[PDB]
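Next comes just one chain, in structure tokens: the form deposited in one PDB entry.
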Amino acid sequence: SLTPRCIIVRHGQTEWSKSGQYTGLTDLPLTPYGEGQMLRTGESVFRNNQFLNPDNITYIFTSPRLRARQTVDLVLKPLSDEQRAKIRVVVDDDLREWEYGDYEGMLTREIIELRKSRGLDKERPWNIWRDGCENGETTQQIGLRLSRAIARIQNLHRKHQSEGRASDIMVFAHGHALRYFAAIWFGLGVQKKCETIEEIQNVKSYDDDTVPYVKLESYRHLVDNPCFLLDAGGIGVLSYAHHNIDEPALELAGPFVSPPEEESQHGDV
């Protein structure tokens, strides 16, 4: 049985993303170049079934944003209808971009200037991962919501594996969000217990009965930059050491997966 993966994909280029602007809840479309960019992506990741075999895909999660949903269609173009029917696509609000608040639409340079004029960052420079965004999200808020996504996904993965099924789940979302996502997948940042009303409640971010909700004891958030680079159309491959869904890991993935019988990993413990 194949080791499960969660394969994260940033939406294609939008106008703001190309220009360095922070795009959160603003619902921009893919630019023409962005479209072609995701069309060629899907083509390249499905080519001959070596990197991604549509038979092994169980779930595809998507941020509600247009740009992300557009990317789903475009990347999945090489699939047949038969292939598409076996796959569940779930819209999940937990997957949105960091809510930029006051900073929506701005450039870094501008954010710094705006904050400076407000008396902020007097001792150290702004750092979104620590500080979050005025009238937008703190690092804890996005850590939390991403953690519930992750736990849902890992839970599907465990059930699938335990059923003897291979399972590739995809996530199409955003630049800050996915870097964040991948950072906590493999253990960066800090563990915090779920205490406040927000930290405990079911905010109902998706509507799909076949995706069990995972009620978290605790969650993860970052306090600093994880140092990931993720351009539009960038892909990350998240997964597991020693076939153990308890040892989440970031995969340095080559163009094709080895069958378990041909894999090269040391044993656990």
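Residue numbers count along the first chain shown, from 1. For the two forms, the rigid core is made up of the largest set of C-alpha atoms that agree within 1.5 Å on superposition. First, how it differs from the form deposited in another entry.
- When the two forms are superposed on their rigid core between the two forms, the C-alpha shift of 2 Å or more among 218, 210, 49, 201 belongs solely to 49.
- Comparing the forms between the two forms, the C-alpha position of residue 253 differs by 2 angstroms or more, with the core used for superposition.
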Contents of the next structure:
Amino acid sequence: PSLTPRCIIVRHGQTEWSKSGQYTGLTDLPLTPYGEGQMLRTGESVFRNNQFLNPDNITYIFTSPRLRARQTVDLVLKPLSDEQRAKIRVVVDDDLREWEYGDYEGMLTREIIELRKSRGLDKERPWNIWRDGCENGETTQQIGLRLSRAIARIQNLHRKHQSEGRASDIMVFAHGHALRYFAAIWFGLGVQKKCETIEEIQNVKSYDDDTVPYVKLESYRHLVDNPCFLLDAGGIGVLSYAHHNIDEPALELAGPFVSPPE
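Having seen the form deposited in one PDB entry, can you show the form deposited in another entry?
For this one, just the chain is written down, with no partner chains and no other molecules.
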């Protein structure tokens, strides 16, 4: 059979706030100079030195609209030729933005804890973003819904490519909470929820690319607790499928690592 399709998740490189631990959501920070170099080196490793990715197999790249994610795309793809890039579709999708932190934008965890405490919250148990979301920001159900929509579009593309006998690596450039969340629901963590409310059923028009079919969900997944994942800035994870079957989504424990050939 053709190579099993994969979804390659890439967290953006260093910004001024990723370094301090400040929560970076809608704030449109650029990469730091260090962060730029970090992503240049990451591209060189995956394409040139280690060949963990083959440009010929990359079909689509989906990115968050945030500058830091878009910069990361360009830096990671630098080792490619213009012809190789010409064969890869890049799609900006608002469904891949970071968790909307609301009141907590730019804060550290310990500051958020103290602010919530001062507001009379968390008297029974600690704040847990995965369960509780953020004041004046997104609930966990809101982020689960939109990530589920993006997953469905990606998996639909994979099914089509597989049916054509085509390898298909699809890359997703986004953010730390969103990507851990995305990985978690990909392989079936959390709970399934039927799409019933207006928000659950609506098409928010999060991307403009008519080559990517919209998938109207019947159900979605969301988390209610911490999936207990690590993913550094610049980190790369891999989501794929068991038994060459799009209906068996799975997490690749090796991330992008494969044994060298021969």
